[PDB]
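Student: What follows is the residue order along each chain.
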Amino acid sequence: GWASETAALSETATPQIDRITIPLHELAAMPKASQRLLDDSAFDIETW
Amino acid sequence: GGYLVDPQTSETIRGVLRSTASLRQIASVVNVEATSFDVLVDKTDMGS
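Just so you know, the sequences run in chain order A and B.
Residues in the first sequence are numbered from 158 upward in steps of one, following the UniProt record's numbering.
Residues in the second sequence are numbered from 110 upward in steps of one, following the UniProt record's numbering.
Quick caveat, the hints were computed from the structure, so don't treat them as lab data.
Please note that the accuracy of each hint is not assured.
As the list claims (entries may be wrong) - Some chain B residues near chain A, calculated using beta-carbon distances under 8 Å:
# : residue
1 : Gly110
2 : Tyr112
3 : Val138
To be verified - Here are the computed distance ranges between Cβ atoms for each label pair:
# : chain 1 : residue 1 : chain 2 : residue 2 : range
4 : B       : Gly110    : A       : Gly158    : 18 to 28 Å
5 : B       : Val148    : A       : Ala186    : 42 to 52 Å
6 : B       : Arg123    : A       : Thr178    : 19 to 29 Å
7 : A       : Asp196    : B       : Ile135    : 57 to 67 Å
8 : B       : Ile122    : A       : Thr171    : 32 to 42 Å
9 : A       : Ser191    : B       : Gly110    : 58 to 68 Å
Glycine included, C-beta positions come from ideal geometry on N, C-alpha and C.
Just chain A, with the same shape it has in the complex:
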């Protein structure tokens, strides 16, 4: 406002509000590995 000393201040604006929807999709990978490798390949293929 920058109100005066005797001004009888009125109502003022108030911000309009927006809502934004983050749809939260999914990201998937599926690698295949042979069990004859998983157990015979001393590197940890599971955690690799």
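Add chain B to chain A, keeping to what the hints say.
Tutor: Relative to chain A, chain B alone:
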């Protein structure tokens, strides 16, 4: 301000009530652990 307010969802997910009369009330149930059940019933009677 419409976006600020969100409705209170529910307490549970309620469903349509469906009847529970099943004829298992008066019929005779048996606990069979085979592949079938064989009731043997003479279709006729003796003679005298």
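Student: It remains to establish, for every hint, whether it holds in the given structure.
Tutor: Against the structure, the hints:
no.	hint	result
1	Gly110	holds, 6 Å
2	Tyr112	holds, 4 Å
3	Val138	violated, 46 Å
4	B/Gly110 x A/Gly158: 18 to 28 Å	holds, 22 Å
5	B/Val148 x A/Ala186: 42 to 52 Å	violated, 57 Å
6	B/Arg123 x A/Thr178: 19 to 29 Å	holds, 27 Å
7	A/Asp196 x B/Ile135: 57 to 67 Å	holds, 59 Å
8	B/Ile122 x A/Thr171: 32 to 42 Å	holds, 37 Å
9	A/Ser191 x B/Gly110: 58 to 68 Å	holds, 59 Å
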